[PDB]
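Colleague: Since chain A is already given, all that's left is putting chains B, C and D with the ligands on it; use the hints.
If you want the building blocks of each chain, they are given just below.
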Amino acid sequence: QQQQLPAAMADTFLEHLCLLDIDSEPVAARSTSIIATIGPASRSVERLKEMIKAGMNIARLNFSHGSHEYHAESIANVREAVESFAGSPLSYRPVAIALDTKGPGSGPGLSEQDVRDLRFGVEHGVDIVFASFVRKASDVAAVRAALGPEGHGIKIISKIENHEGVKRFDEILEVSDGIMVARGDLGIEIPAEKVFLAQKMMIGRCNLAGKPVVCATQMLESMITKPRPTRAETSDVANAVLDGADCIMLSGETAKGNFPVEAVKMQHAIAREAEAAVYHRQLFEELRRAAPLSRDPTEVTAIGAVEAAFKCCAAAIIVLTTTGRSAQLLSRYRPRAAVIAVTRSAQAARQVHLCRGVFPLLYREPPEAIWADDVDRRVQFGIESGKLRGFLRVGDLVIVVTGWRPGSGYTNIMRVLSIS
Amino acid sequence: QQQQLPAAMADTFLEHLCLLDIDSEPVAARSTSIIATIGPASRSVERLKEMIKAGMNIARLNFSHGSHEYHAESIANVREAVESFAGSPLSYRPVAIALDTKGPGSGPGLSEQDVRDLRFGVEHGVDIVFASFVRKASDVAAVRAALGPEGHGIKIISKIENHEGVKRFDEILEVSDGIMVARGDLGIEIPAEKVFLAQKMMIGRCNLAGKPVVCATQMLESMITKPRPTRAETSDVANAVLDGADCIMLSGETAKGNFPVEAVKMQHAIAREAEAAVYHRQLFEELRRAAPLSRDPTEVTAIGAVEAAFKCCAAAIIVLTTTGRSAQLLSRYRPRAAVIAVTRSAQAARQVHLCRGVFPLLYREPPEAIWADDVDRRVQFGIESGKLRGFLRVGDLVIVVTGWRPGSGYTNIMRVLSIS
Amino acid sequence: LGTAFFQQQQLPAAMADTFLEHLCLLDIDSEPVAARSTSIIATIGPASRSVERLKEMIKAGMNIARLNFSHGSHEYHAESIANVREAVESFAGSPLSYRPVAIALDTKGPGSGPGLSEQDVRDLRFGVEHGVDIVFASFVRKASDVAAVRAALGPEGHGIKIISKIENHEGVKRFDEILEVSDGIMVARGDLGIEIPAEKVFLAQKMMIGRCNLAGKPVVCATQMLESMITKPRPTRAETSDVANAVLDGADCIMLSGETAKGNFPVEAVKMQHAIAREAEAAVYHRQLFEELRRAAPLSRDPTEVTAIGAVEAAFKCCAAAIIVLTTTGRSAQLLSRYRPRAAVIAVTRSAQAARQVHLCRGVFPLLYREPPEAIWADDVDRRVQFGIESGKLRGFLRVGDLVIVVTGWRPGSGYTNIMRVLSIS
Amino acid sequence: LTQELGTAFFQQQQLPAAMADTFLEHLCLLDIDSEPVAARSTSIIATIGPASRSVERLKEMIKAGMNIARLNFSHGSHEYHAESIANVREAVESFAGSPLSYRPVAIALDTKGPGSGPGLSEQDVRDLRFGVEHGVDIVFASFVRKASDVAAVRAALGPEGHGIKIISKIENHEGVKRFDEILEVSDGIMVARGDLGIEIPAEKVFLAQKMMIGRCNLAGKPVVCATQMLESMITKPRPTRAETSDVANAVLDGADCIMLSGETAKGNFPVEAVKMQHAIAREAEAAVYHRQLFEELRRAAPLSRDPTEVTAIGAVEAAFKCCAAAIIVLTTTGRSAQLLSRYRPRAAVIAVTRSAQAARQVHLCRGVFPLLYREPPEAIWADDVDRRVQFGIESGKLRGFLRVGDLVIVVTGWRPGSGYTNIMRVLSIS
Ligand SMILES: CN(C)c1ccc(S(=O)(=O)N2CCN(S(=O)(=O)c3cc(O)c(O)cc3-c3cccnc3)CC2)c2nonc12
Ligand SMILES: CN(C)c1ccc(S(=O)(=O)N2CCN(S(=O)(=O)c3cc(O)c(O)cc3-c3cccnc3)CC2)c2nonc12
Ligand SMILES: O=P(O)(O)OC[C@H]1O[C@](O)(COP(=O)(O)O)[C@@H](O)[C@@H]1O
Ligand SMILES: O=P(O)(O)OC[C@H]1O[C@](O)(COP(=O)(O)O)[C@@H](O)[C@@H]1O
Ligand SMILES: O=P(O)(O)OC[C@H]1O[C@](O)(COP(=O)(O)O)[C@@H](O)[C@@H]1O
Ligand SMILES: O=P(O)(O)OC[C@H]1O[C@](O)(COP(=O)(O)O)[C@@H](O)[C@@H]1O
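Chains as they are written, first to last, in the numbering used here: chain A, 13 to 432; chain B, 13 to 432; chain C, 791 to 1216; chain D, 3 to 432.
What the hints contain is simulated information worked out from the structure, not anything from laboratory work.
Any given hint might turn out to be false.
[Stated by the list, open to error] Label pairs and their calculated CB-CB ranges: (1) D819(C) - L305(B): 27 to 37 Å; (2) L7(D) - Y82(A): 56 to 66 Å; (3) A157(D) - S1214(C): 31 to 41 Å; (4) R405(D) - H864(C): 57 to 67 Å; (5) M805(C) - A153(B): 30 to 40 Å; (6) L305(B) - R307(A): 40 to 50 Å; (7) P304(D) - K65(A): 22 to 32 Å.
[Stated by the list, open to error] Distance condition first, Cα-Cα at most 25 Å in a straight line; then the derived PhoX-like pairs of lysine-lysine: (8) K238(A) - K268(D); (9) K1007(C) - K963(C); (10) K1052(C) - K238(B); (11) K1022(C) - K268(B); (12) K61(B) - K277(B); (13) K1022(C) - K238(B); (14) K238(A) - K268(A); (15) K223(B) - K61(B); (16) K238(A) - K238(D); (17) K238(D) - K268(A).
A virtual CB, placed ideally from N, CA and C, is assigned to each residue, including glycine.
For reference, chain A alone in the conformation it holds in the complex:
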């Protein structure tokens, strides 16, 4: 069979490793979202469109370099390239816009420049903030305050860049929306030979907590100048996916390199192969065993849907979401099935890329008179969207996750549907 299914059927992880096949082509859609740093090499509207077609999910704006005028233009080009595909909603791919802060610099609270960068992001409608150099939970609260009452929906991903941040990780993760393993600065503050330990630990604690985790810095570094990466670069990218990272990131690879689209395509290729090599048998059992009991129907429905999808090898789990939460809760159980999130919120659709295996679609049509009808219309939108994108074929089984009443947090239904 295909997509490492004989390797996934193995009773032991050693058996699984021995059953890995280079000829077993991956068929599932690429789960681990790609974050591309936008710079001179990736700012043109034609090239940005190419990167979207290549699989860029999030666009990073590094506020360490660049003026507010430069970054406002970065956003416009990004938006314009994304919106050119709006004419065909069944194929429109949303892209999130993230702001990577410059950092507290001198050491104390939040830098004055960062307050001005954060209020700019709020004004320009950014979805995610990569908080540079977070060392404690008070640093996160300061960033949340710097966004104000308008920046409430914006996701805060804390960049762990030093030893203090690693030690105080649990308090930072509790108050953050997710973590970024910013290996660049981290490789300097702590010994370079200990960085993998911090990466693997953070990814593990994030997987345990259900919160997104981003692997960052020098993933395909040689591709800035060369058309093909090193054997260690392909290895690192594949291992970040195998470790359980929700996102993979490109810095100078897409910002100032000669091969921006090629780095995106390469990251996509490796991530797709690594996802099929995931030992879901033990991964799901351990994730389920580790997850505490829940009396929230959204969480209870998530584990039931993931279990049901595993049983029939469901091609996708279509979930109707409003804030992204239902999709995030399905993602935490790491299913082999694609979590197709259908939401009317464009912000939630962009943000849900931080979760692994979540494929957002934006329902652009107005709500129907009968809620039951409007719900079924969105389920069909996700079936039609997944059919033209290759996710679904006729005769496939899908798990459909819905709620009992309109509004966020009412998810409670899982239903087994047969395609067409």
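Modeller: Relative to chain A, chains B, C and D with the ligands alone:
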């Protein structure tokens, strides 16, 4: 906590054994159905009513002793005592009627008397047939043929009573509806020291097949004369439940003994305690791992519902059934939650006692004009009944299993309900 | 390779990856070949006082002889000890087939008051004077009760093993403190089934056996195991079930109280208990049992404990017929037993008391070495090795090629075990 | 007063992370402050070239932890490689003054390959005969595609080259497909990712690496991870975040050896790359989840009636039970040490042998620390055995392996000869 919950939380079976508490009272309803052999000591309509209140689920008619007139009278008195409780529809407990055949005696095929006995059972509306001395799959086919065209809906439980029956078990189970470990005759054909091996093997193979299994003969033998059983008798009963038997049975204990109701009450008491001592953590994992993948939504919904019920420690899994199949498929995954089956079929309600943890409700209310309304009215019937019988309290969580259109084999929905 | 050995003593059922597949692979035609591990304790009464009949019970597999001091005078029980030791030493002519038997004293109990009853003090002093090996302390409810029994033994009764009978609710609740100070536990289901609901007795049994297995201390299942056999020649289906399940639960010993003491079939009950125990031992799922027992056992800096886990692991790897261990106090063999190997722990000791007492730990087969000590200890141990090997070649335990694990020490005495060595037979 | 000095232990070398019941819990328990204390297991293979040819710099590489010296026969004349052998052996035997701290180094020959078309290359025949004549210990057979290719290399060595270990470099798709037959006839495998990354898609190389390492771990045969491990260190003093990651992951995957090519052969930081590979490998070994690794390795290993194999599993089990500092094994061929290594113990497998070749070759097995016993054989073998055993104890005492009060597992045999191992004995230090 109560119902061996600290013992169930343990990561290892040894830790589970060490965590068993005598003071941890069981709270869940008694799953393992009790089959009581009706004889002179239990013929009384007055006494039958007491045994129904004591927890008798199935009434066995041993055709080795007794005339057709004697047994048609026993059935008439059983049904009289059962329909006396039909005034309260939320608390009406259905009882199945089983016919235990005399056996092939000599051997050319099915005995001449058995053909008459089987024709009688069909005419008298029996639900289950205990086929005595089954040695091959041809023996089962002969019994099904004997049940003519009318009797095609009677469940056939094959009594494995000899060495040939044990050897040819897999072919017999494939054609049977379930197995009875008839240890009486079995303990004579094969060495008495090897009977436990055959019992444990058959129960294991039946659990793996999802088919019911009955433990029979000398379970509380001393209680025929004495008011209290031996330490080995309580042990055997508890161990049959721990082994994974769907049903426990009383022969002379209830048919000709001085303590018929007391034996039923005692079997109930032991079974309730043994069910709380079940290590569901490994049991469910092994049962799930062993069960093959399925493209049947009834099957897929069952594993999703059982997984969702474990996650929240759901009070009960309310399933709407017609043939009892949906409830049986939930039972095979051995949930801690009570599978409350809500059916309009009187026969299916009686027969569903063969599956462990299935609590049937006969829905006598008239069909509503709108099917979705009728489904919800039936779903609420299960909630009303369980809540009345102590199964449910307000604020509890239940897993509700339904289907997309009316008619059997369309089950595909699992929905997390919060009581009242 | 062993052709018939593939379908043998539930080996296909033991090879299974899951316990459910293990249950499905159990075969009635797979005859057990290994020696019977779970020791049998027979209560000696009027039906079993006869020296002639005692000899039959020894040949039938009785390992320990119980003296119930609830009935009988000191003269009545001293005669029993003489009858027993007489039958015991009748087989001493052939030391290679010499089966030692332990003598246990079951106390009457504290009656109805705080402290050890006055009769119990006399009974315990009697046992010390008569050289009993084990004491079944009736109605133990706390760790102070055990200390009182140990004090009543005095300076002479130091080697005597104290098995605490848990017979009531207080004893069940205070189990961990009682086990810490006891040498082992008896699940005295008779009295226990009265103090706590009869439907909760199996819970207490399974818990105690589990905690004893965890602690490495012996555990005895007692009362009404083959109760119907007091009057009838064959037991009930529930009785064979209970006996088999006690073995499957992990009990080191099975007992016959009243089934041998006053029943028409004393030898037949012993033979039946032996037959069931042998079948149940082959049905043990050693794959998960050993993994769980190893995982649960704490790490140790004691070479006797470290050697035990290494020897049990080595025996599983090659399907060693037996693990021959050279003990002095029965500790090295007890430490091997706690890891529950499929191989027979053949204990070779010069201590007659330790040889009798080592019956309390499951799978331990004691062989009293009567030959005199050689001038060189580095010669003595090597001859003590061959003594145990030839007892297996006589008793059927071993055949040519049947590899064995040999457990010895660096110097002679108590607790200097540190060597495990893989030996090939002939 | 605050007598918890065993709190410092159990908190070092990822011991809290190793004690976890689940692999997720293990990942969550990994600590950057938990310093590794055990000796570095995964052997380092350094490619010798212009940057690493001087005897002076070779001595620093040996002190930095180089275990095997690779001679790439794709570049270089027979005169150049023979001079490299003299410079290497000269630098190695400079430390022979203290046998209790002498570190042996193996010499490997990496062949040029069959070139353009089937059959063993004509240059390779000359190269292989040269290696035999010059006493090489290992041969990295370039571009092995089937079991016949291995047999051709074994034949090309001749009757003299019988002890030489043959590590087959899997460099193409055919080699990956026909892996099981190649491993059966090879002494070990090299995951030569350089050539491999060209023959098969670059995104599928990790799959081939992880599969090969897994099958090698299953078979008990050594496995080497090769090509671009610390590539940026050829020019820069510090590696990339992906390079440290890849090195650590090769160890975590279960590779017995890690390798440096241009990194030491033609780079500006040869010693620094060796020191860096050592640093990462040491940290990655403490992060190994031995709890499931040992259970899976034991479960997967077939039952054996060979006492050498039975003693190995018993010794590894006994070492985990007491957290033995080291497992001292007496070996002649290196087989007893290899069989202990396959079960992947946390204890250091200290191999004591009188064979200089076996001592060099035993570096291919992970966690095997060879010490060459130069003392003369005693008249009675019985005494001589417990003095070679004591040599290992005194060697560990000096080399920081053994502290007083520690426990060691000692693995010996019943008679002098290969494969006669059958004894495991628990010894307390000093
Ligand atoms: C304490 N001692 C002496 C022990 C005895 C037996 C075993 S065992 O045979 O390996 N063991 C049997 C019990 N199961 S299990 O409980 O998870 C269970 C798995 C099923 O698949 C299955 O159908 C039924 C059961 C089951 C359920 C409730 C009570 N009883 C059995 C786990 C596996 C031990 N494992 O570790 N310690 C063990
Ligand atoms: C949540 N995330 C981060 C996870 C990722 C992957 C897996 S997994 O693929 O099932 N997983 C891989 C790691 N092994 S293992 O560590 O026991 C190991 C078993 C071997 O047989 C073997 O050859 C090598 C190893 C091994 C690998 C890395 C470090 N030290 C040892 C266990 C099984 C997870 N299981 O639970 N959580 C998992
Ligand atoms: O995933 P979230 O953010 O909790 O919200 C998902 C919600 O979407 C629905 O499926 C559809 O309802 P809406 O009309 O608000 O879109 C709800 O029933 C469910 O609560
Ligand atoms: O258990 P069964 O035989 O599959 O029957 C359950 C059936 O009953 C329902 O739950 C309700 O419909 P009806 O009771 O009107 O047949 C169906 O949707 C489902 O297919
Ligand atoms: O059973 P124990 O108390 O652990 O002792 C076993 C003893 O066996 C021996 O191998 C032999 O002891 P002896 O020569 O004194 O009989 C000792 O080294 C060890 O102390
Ligand atoms: O590693 P190998 O080839 O199995 O050799 C191990 C051998 O070493 C010894 O300990 C000593 O052997 P030598 O005297 O031949 O060196 C043997 O008893 C054992 O058989």
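Colleague: Now tell me if each hint is right for this structure.
Modeller: Hints versus structure:
no. : hint                           : in the structure
1   : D819(C) - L305(B): 27 to 37 Å  : holds (33 Å)
2   : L7(D) - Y82(A): 56 to 66 Å     : holds (58 Å)
3   : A157(D) - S1214(C): 31 to 41 Å : holds (36 Å)
4   : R405(D) - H864(C): 57 to 67 Å  : holds (59 Å)
5   : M805(C) - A153(B): 30 to 40 Å  : holds (34 Å)
6   : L305(B) - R307(A): 40 to 50 Å  : violated (30 Å)
7   : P304(D) - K65(A): 22 to 32 Å   : violated (51 Å)
8   : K238(A) - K268(D)              : holds (20 Å)
9   : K1007(C) - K963(C)             : holds (18 Å)
10  : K1052(C) - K238(B)             : holds (20 Å)
11  : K1022(C) - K268(B)             : holds (20 Å)
12  : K61(B) - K277(B)               : holds (13 Å)
13  : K1022(C) - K238(B)             : holds (17 Å)
14  : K238(A) - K268(A)              : holds (13 Å)
15  : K223(B) - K61(B)               : violated (29 Å)
16  : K238(A) - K238(D)              : holds (17 Å)
17  : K238(D) - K268(A)              : holds (20 Å)
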